[PDB]
Amino acid sequence: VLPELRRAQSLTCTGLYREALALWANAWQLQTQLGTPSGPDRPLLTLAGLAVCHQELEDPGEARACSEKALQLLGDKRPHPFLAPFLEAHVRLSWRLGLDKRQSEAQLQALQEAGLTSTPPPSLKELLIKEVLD
Amino acid sequence: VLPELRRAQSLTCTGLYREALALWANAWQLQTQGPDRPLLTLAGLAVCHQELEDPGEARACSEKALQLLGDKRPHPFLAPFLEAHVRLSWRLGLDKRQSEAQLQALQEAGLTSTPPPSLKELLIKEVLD
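Note that the protein sequences, when read in sequence, are chains A and B.
Counting in my numbering, the first sequence runs without a single skipped number right up to 134 at its last residue.
Counting in my numbering, the second sequence runs without a single skipped number right up to 129 at its last residue.
The set of hints was computed from the structure by calculation and includes no laboratory data.
It is possible that some hints are incorrect.
Simulated restraints on C-beta separations [claimed, not checked]: (1) A:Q33 with B:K72: 29 to 39 angstroms; (2) A:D59 with B:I124: 18 to 28 angstroms; (3) A:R6 with B:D71: 20 to 30 angstroms; (4) B:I124 with A:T119: 37 to 47 angstroms; (5) A:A65 with B:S118: 32 to 42 angstroms; (6) A:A65 with B:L111: 24 to 34 angstroms; (7) B:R18 with A:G61: 35 to 45 angstroms; (8) A:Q29 with B:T114: 11 to 21 angstroms.
Calculated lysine-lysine pairs in the PhoX-like style (CA-CA distance at most 20 angstroms, straight line) [claimed, not checked]: (9) A:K125 with B:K72; (10) A:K77 with B:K120; (11) B:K96 with A:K69.
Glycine included, C-beta positions come from ideal geometry on N, C-alpha and C.
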């Protein structure tokens, strides 16, 4: 998705809003099914691209829809994918070193007791390799 | 920085941790010169330090990561987005009271600029390489 965002970004910065819009729009579609997102600065960047291009073009209605979607994402209690893998690595590394686990534990058992990550959470290594460097 | 990170990732997947650590660590101090590349480098360091049985460096790395993630600053996109929402709602004769109240509170507390940054500003300033 990043080569497309790259091009959409340059096009938008030059002022080719209509050319840019389609690129942001397909990148949005990619993310929304094939990942839901993953980590939410890229969705937000995409929606910012859409909102700007729609305003310039000017579908203020479509721009307002983009803003709504963004504010929902921003308002939702969505942890960031790396928070669970780090809590787990921190609980584990505290054991290896004979140190306290219970604030990192209690936090991982609240993300679990409220549904925000799996019991066994994803691991640092899992997310490391699955991350695309595009 | 990306060449160094993808090269580090592939050695980590290959199981060559000492080699990959050297790259992750160098990629870290080049970023010294949006928490995702940092978080990922720290995950690279924490995974390699751990495999090489340097658990303390790994825990240190994971400590920074938990710091970066505990950040209490508003998401940078929040204010630009409220501004856009208020402006567009007014233009279109729709309700802006809630979003405007939220923006005004951020402005009053000094958590954003008093005409906030625009969506275009953040679009420009963001780096994808």
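Each hint, compared with the structure:
no.	hint	verdict
1	A:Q33 with B:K72: 29 to 39 angstroms	holds (32 angstroms)
2	A:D59 with B:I124: 18 to 28 angstroms	holds (21 angstroms)
3	A:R6 with B:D71: 20 to 30 angstroms	holds (26 angstroms)
4	B:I124 with A:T119: 37 to 47 angstroms	holds (42 angstroms)
5	A:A65 with B:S118: 32 to 42 angstroms	violated (18 angstroms)
6	A:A65 with B:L111: 24 to 34 angstroms	holds (26 angstroms)
7	B:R18 with A:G61: 35 to 45 angstroms	violated (56 angstroms)
8	A:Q29 with B:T114: 11 to 21 angstroms	violated (36 angstroms)
9	A:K125 with B:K72	violated (27 angstroms)
10	A:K77 with B:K120	violated (26 angstroms)
11	B:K96 with A:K69	holds (15 angstroms)
Hint compliance for this structure: hints 5, 7, 8, 9, 10 are broken, all remaining hints hold.
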